[PDB]
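Engineer: Read off the chains here:
Number of protein chains: 10
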Amino acid sequence: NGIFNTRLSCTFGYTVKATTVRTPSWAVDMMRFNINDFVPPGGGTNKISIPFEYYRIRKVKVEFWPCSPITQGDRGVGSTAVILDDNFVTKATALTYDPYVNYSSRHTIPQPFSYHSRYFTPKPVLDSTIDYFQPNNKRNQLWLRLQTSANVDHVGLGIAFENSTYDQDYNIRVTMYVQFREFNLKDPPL
Amino acid sequence: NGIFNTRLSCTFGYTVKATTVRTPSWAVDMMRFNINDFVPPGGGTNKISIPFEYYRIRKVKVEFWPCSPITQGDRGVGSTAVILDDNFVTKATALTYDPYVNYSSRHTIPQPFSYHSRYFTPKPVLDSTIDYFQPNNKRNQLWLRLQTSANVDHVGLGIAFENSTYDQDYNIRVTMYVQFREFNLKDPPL
Amino acid sequence: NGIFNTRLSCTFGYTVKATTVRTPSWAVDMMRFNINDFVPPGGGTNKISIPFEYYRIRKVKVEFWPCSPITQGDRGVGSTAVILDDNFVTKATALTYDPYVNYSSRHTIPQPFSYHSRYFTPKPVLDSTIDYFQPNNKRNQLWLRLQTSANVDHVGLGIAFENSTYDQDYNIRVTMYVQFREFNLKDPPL
Amino acid sequence: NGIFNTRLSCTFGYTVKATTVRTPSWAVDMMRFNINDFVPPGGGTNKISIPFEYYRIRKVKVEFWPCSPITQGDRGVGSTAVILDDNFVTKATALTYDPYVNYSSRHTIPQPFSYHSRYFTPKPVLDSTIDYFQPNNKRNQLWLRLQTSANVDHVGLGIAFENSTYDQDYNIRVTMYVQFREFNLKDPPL
Amino acid sequence: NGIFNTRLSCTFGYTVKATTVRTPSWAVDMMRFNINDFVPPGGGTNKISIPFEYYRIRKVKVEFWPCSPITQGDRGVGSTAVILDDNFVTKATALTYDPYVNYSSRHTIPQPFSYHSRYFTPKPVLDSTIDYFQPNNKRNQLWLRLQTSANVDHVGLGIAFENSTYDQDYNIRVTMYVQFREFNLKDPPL
Amino acid sequence: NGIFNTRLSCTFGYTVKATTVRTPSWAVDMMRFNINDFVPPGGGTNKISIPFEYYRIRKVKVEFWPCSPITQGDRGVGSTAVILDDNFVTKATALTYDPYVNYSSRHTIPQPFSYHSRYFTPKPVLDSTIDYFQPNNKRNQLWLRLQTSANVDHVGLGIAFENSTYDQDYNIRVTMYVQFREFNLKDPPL
Amino acid sequence: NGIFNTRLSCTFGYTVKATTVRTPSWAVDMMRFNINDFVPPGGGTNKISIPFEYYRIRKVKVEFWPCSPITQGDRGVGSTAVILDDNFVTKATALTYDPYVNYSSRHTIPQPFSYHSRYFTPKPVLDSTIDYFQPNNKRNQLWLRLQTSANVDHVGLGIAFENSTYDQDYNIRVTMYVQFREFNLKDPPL
Amino acid sequence: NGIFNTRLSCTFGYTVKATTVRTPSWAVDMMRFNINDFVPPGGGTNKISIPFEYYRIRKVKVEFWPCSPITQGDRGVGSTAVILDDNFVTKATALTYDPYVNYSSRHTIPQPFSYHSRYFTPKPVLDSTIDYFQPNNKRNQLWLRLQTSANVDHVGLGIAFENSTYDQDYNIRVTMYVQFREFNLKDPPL
Amino acid sequence: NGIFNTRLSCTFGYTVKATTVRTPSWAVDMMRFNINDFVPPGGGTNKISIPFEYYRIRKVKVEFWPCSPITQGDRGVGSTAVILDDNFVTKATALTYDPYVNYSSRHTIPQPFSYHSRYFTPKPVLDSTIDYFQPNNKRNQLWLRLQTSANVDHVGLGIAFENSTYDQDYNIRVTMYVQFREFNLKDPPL
Amino acid sequence: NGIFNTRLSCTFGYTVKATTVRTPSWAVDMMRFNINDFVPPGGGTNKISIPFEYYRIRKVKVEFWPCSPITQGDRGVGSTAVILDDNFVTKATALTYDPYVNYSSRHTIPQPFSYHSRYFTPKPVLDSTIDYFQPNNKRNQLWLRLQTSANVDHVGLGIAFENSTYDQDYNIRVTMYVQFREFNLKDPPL
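Chains as they are written, first to last, in the deposited numbering: chain A, 42 to 231; chain B, 42 to 231; chain C, 42 to 231; chain D, 42 to 231; chain E, 42 to 231; chain F, 42 to 231; chain G, 42 to 231; chain H, 42 to 231; chain I, 42 to 231; chain J, 42 to 231.
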């Protein structure tokens, strides 16, 4: 009966640069989520402070939180999608158009004080040449050995934002769903 | 009422090298999906062009698209799985056997003109020592602060491909599902 | 009718360091899952051995497996969550407290011989400035071109572990769910 | 008709140390929850200010709350699981790998602004030699005498976090579900 | 077919001190429940008298039992909650106010002859730095090795009590639900 | 939308001493599960490697795993229960009788190669004087601040074992379910 | 995810005076239930031992317990009702008649060895001039700050008893249902 | 079979003072409901005329009754809510604004000839320091000993009223739901 | 058709004293909720600013809110219950044990950043000698006349908290459900 | 129509020895239940006073009953499981760890005043070499001849208890479910 799990989370911060061009214009950065951000290092008998064998993530619920007010206008839309391709559309300071209107995971979220989410499922990556992705299959999804600092990257959440001449502020809530494995609690003598 | 979202996507390209060995043989690369590929940089008042606080990815629907024809044979199978382990089975130019027949997320997809998908859920990573993965829990999954270029990697989609002496071509569609947060639209004066 | 998929998996290994401090204390590493770990390189006509066009991961089922025995005590809890934030809570050798009690994806899994899982959905990342995450939307999630070694990171599984003065051992099972695309099997002449 | 209960809660704070190593790396501390934190001392006719006979906890709903913003990146995943083993995987400042990918309660929660939860059930502990755990049985679960300061420890929530070079901040919400017993309200004379 | 379990229980006793101040006032102690109270030491071929490998607790049903009579008045309320935070609100002989009115697990139980319960789920703790908690996930919750006397603490049941100038008496019933593992019954020769 | 979680787990080991007395006889140790076993210490910007704010454990699924064979006889029963009382029945090397036949959480699990589980819910503890336990209430259960090494104990799993003249061996799997909170991922400059 | 709670209870004692008049005659006292009876005082970092922010009581289950035997006759009825009026019908040593036959919450419970209960919902009071009572609405019911000793009174349970020339004895069980709030566990340094 | 109950009720009267200020303005008093208003004193063999052991209130149905006519205008609204906080918003003769528009239990009831109700559940209070409130849990709610005149206060019903320059009149109906306990009817000899 | 109601609420504050004793220890204060806190005084034609006749409270939903962070550890549990006994278990600065483990309304809520609730029903009190409590009966529950400042106490929410050496902070939300009665709006001439 | 049965029960007593070691530690004894304890000897025409032919036990409902109070703390967990192995994990006075965390029938029951149960099914044993156990099959389960004093042993209930430095007391309730057979009532002449 190897069934046990709980809720794990952190926070972080990134910003899109405030522009000078008035145009309806979009801004890009990637989001890997590799677990070296997310396992603290332990000590003594063990090395990192979630020291188990095999992990897989069940679901992804990524919460949004604005510090931007209801007063703030020049109002536009932000974006968030599911991307799994390993070959990236171009990040720039200013790109001519929006390619996002012709891709698979298009939603609609306004700016600046909007908060929303997406509920989906990630996959791990081992070999760079193939990068093949599974169908929607929970029970036959792979597990792998937990590693120290060479744990595999996991691209987690698409993001895009309307650019204008102003500033905004936001907090970041990421709640993921990890099933844990191999109870082997270490009991030293003496 | 912080509920708002939309569909975000991009595209990219990678290739497995065309071989000289006739054997049933397999090829590997990892797939992180870190959001620096997926948020464009904005300007002026803000920095990246999806400048919100907290993100999590709901689901993953990674679409396949072949440029390979129905005529092309020597026909074999490709592979795609969910991997969440942070400690990788070996990539090579040619490995002796297939370990994939003994892991958790095994599906069956043919080659070369086949297109399919997998529907699953990712998790973010903070600490490298632990890398523990949640159970299948949407509502209690973590959110974190959006960061500029040090956003966390997210290993997204397993891939493996049968190797032979020929070439193939493919396009890549990645539709992810991101819920957005913290409406704080920036209104400058003057 | 571009619907075909199968189960893909690997394994890996990481450790949290065994400590000298007796306190209830936690340990962190990130987990990206970038697909260069997960596609083997092919040869001849093609380059990596899952050489298709477009991928997305359906779900994530990350299995746990302990080598730790039922005898091993000083017993505590490990952790695993869904994180999608791209801005990381601090990894250390020893941090003063646990911030994990105040985040979105909190579950409960004991130590040391415990094994569990999480069932969720990842997203890909293109642009670092935005990193916006989709809502829970499968069918409108993005696909992108498979790339050779610059495939996008995917942050896959949160992890955290109770630290004490002992050792533990664990194996890692990662089963992901990748839908595959673009049958273009390569048939050379001669 | 001895059926009566209500909602009891507190708050606390712990931190994972901010690191210098860039690796995907994990961090660990234990979480007991012994009730001496959770019963205030009374006076006069009675001693602690919840002075009843027999307690058991029905469920556990541990809420997450980030002070980390949506801007904060380098984004990874945190972790949270259910651990019940009494023999601990090693806490360290930096452990080599993540054992959490091979255990029973793996979920996926991102970092840094993510907030999530886990819904599960604890057990009390009397004898150190055995530490046997019940099946999922509510009505035939044990009750014991409330004690003054030697009340038994209860390991409550697994946690693990991705480690990097930055700081984060978090608040902690713990809502537990305790059924109360033995109305014997004390009426002094005079 | 590793499915077998039964009902395990004990009893104990603690008291809140009888006060001199008339005010509506509250009293606190923590409740860990570490399994060294709950496994008796065996002998001969084995060491503690529940000598198995891996444990997790399914649920918590903590029964209340008063020795206080129906006659006893000055009547007030007691409290019991689910706390999972690892950072404690302050115990005192007399604190100025009640913070409990602003937390997650608030119920209502009277005093002095009242008896009630709470039905919830615990988690184990390994690493002090993280202490991340799972979502409500049974099957993917972790197992760990049973240890001798360094078994991990488990914080089990919140408690708080109205303080006045009188005495009360109570018995304590704790019924927990532990699933057992690894039949390896020891048969010596001779 | 602060919902994200994953699966967290560890392992440990404890033993009941092998006896010389032939009698049907029982053995005891407590099981706290405090999260300092279960959060690894991070570094740099943060302290433990699951560095979030608020945690609670959803459920407890504690898996059993024997190293004892099917051949091993002199066959008896082990025990595992839910205890939430904070006042302990007596641990000894040999106690005269079994009080466990008269408590709330009695199940039946054989020895030596048996493996089973219990599915229940823990609570946190703040104040030692009260230690009141909630009713079975998920949504109104408390959250608290994650702390560094003074995180609260959580008594997690009752255990008891039949004693005889032989040895046994067991591994320990603890999968807990922790919901995570407060995405505040830390992005340093420079 | 601020949902956590548990069961809290106490006991007390009051008596109706044994009379000399043979008539069918009734006896009255009020029942406030102010939480200063029900939170024990803590120490050190905090003041009362359930030190949270906001409370509300979900339900009321007030259990009855007689010490009176089945032999005891001259048999009559007792009474218990829900009163919410803040302006009281007259208490006396002997009143001429029973006004209780013409009010809203009339039930029927015999004397002397009878035990029963009532299941209903309380409200808090702030301003004496108004004292307006809500409709049956759970989710839109108010929360307020927990106070030290000036916490607001809560009138909890109506009671009335048939008077005759004999003595009786009773114990008192009060199980209330309190949802708890604001995990802010206090971690001192040093 | 200790199940028996009936309907208990009384009446009382309070007034809000008739003002001179024309403004939309509000008026406050607290409502405890302590059972000394609600148990009559008996004689002879017993002391109060509902002389049982343990009580808890099931529900609260507080009926409204106006003596104000349908003719009476200057028409405004009154208020009634559920308050459980033990720390009070300020009563005055005239306060500047209405804080009630930002709290948990807001309903809408007009003035002056309006009559309505609220259906909810109270809790008892023992210790002033904690004052923690249960979740919505009937069967595990506490019972306590009935006391003579030091029975615990129970804050019962929030009230607020629009103030103007006129008079009104009202009657008060309070029907509560009390379950009774411990049949021990007293039979004297001679 | 005398059916009308709305949501009424306030806030307040109390604290449990921060201790010097390390033990798992509990803290108590009572919670009455008398409506003089909750009706503001009016003027002119009327006296308090909710000037109606008859009130009863439908339900109680007492929300928790922590100012304690997710970082704060030494983590324990708080408590909250339903108490209806009018005879109180002893408040102290430090009581020897926890009687709350043996009463009717036990739930489980952690500390310090936990927030939860309880959903239950209060009763009013008239006569101190009896204090009998109704069964779970809404429609036959009593109403009584609203009074000026002698409105009856209502014991509202049990609370108990784990005590340690640190500080915490909390806000208090109390939403109650009051049905209102007797439209007699006062229209002066001139 | 050979269908007739009724309820049969007894009581007994055993104790775990009170220890000197503070550790979380466990204690073990076996529980056979051979029917020579459970058939009284008759006389005259027959020999034992349930003198029928064939028996089998339908189910097992083993009730717990504590004499330990709600005051008693140092609180831990007890254990109870289903064991069917005939080769025993080691009983000792003190064993190093808990193997119970890695076996099949793990539940969670607290200590000391907890009471719970387990509902399961036994089997008879004839030949020591095999000791094979049936699947869950009622109707095809074996019957055998009732014997005088060489009736076959039946291992009935696993037990394990947390050990500490204190005493506890408990009563034992065992209700089993035996179907009876072969009406052959003996009628002597004369």
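No lab work stands behind these hints, which were simulated from the structure alone. Just to be clear, a hint being listed does not mean it is correct.
[As the list claims (entries may be wrong)] Derived list of chain B stretches under chain D, where covered just means 3 residues or more per stretch with a C-beta under 8 angstroms from a C-beta of chain D:
(1) 89-97
(2) 100-111
[Claimed, not checked] Facing chain G, according to a computed beta carbon distance under 8 angstroms, are these residues of chain D, among others:
(3) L49
(4) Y55
(5) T61
(6) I89
(7) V219
(8) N225
(9) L231
[Unchecked claim] For each label pair, taking beta carbons as the anchor points, the in silico distance ranges come out as:
(10) H/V62 to G/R63: 56 to 62 angstroms
(11) J/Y218 to B/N42: 52 to 58 angstroms
(12) J/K179 to F/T61: 39 to 45 angstroms
(13) A/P65 to B/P230: 41 to 47 angstroms
(14) G/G114 to H/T131: 18 to 24 angstroms
(15) D/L231 to H/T112: 42 to 48 angstroms
Beta carbons are placed, not taken as given, at the ideal position from N, Cα and C, and that holds for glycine.
Engineer: Each of the hints needs a verdict: does it hold here or not?
Structural biologist: Hints, verified against the model:
1. For a cut-off of 8 angstroms, the count of residues in the region 89-97 of chain B with a CB near a CB of chain D stands at 6, and the three-residue condition holds.
2. Check result for the region 100-111 of chain B against chain D: violated, 0 residues qualifying (beta carbon to beta carbon below 8 angstroms, three or more required).
3. Annotation: interface hint on D/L49 holds; nearest CB of chain G at approximately 5 angstroms, less than 8 angstroms.
4. For D/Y55, the interface hint holds, the least distance from its beta-carbon to any beta-carbon of chain G being 6 angstroms, beneath 8 angstroms.
5. Interface restraint check for D/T61: the shortest CB-CB distance to chain G comes to about 22 angstroms, outside 8 angstroms, so the restraint is violated.
6. Interface hint status for D/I89: upheld, as the beta-carbon distance to the closest one in chain G is roughly 4 angstroms, under 8 angstroms.
7. Among the interface hints, the one on D/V219 holds; its C-beta lies about 2 angstroms from the nearest C-beta in chain G, closer than the 8 angstroms criterion.
8. At a threshold of 8 angstroms, the smallest CB-CB gap from D/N225 to chain G is about 3 angstroms, leaving the interface hint in force.
9. A cut of 8 angstroms between beta carbons decides the hint on D/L231: the least distance to chain G is about 15 angstroms, and the hint is violated.
10. With their beta carbons about 58 angstroms apart, H/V62 and G/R63 fall inside the hinted range of 56 to 62 angstroms.
11. In this structure, J/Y218 and B/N42 meet the distance hint of 52 to 58 angstroms, their C-beta atoms being roughly 55 angstroms apart.
12. Take J/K179 and F/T61: their Cβ atoms lie about 41 angstroms apart, and the range 39 to 45 angstroms holds.
13. In this structure the supplied range 41 to 47 angstroms is violated for A/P65 paired with B/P230, their Cβ-Cβ distance being about 21 angstroms.
14. For G/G114 and H/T131, the hinted distance range of 18 to 24 angstroms is not satisfied, since their beta carbons lie about 54 angstroms from each other.
15. Remark: the range hint 42 to 48 angstroms for D/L231 to H/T112 is contradicted by a beta-carbon distance near 56 angstroms.
Consistency note: the structure conflicts with the earlier hints numbered 2, 5, 9, 13, 14, 15.
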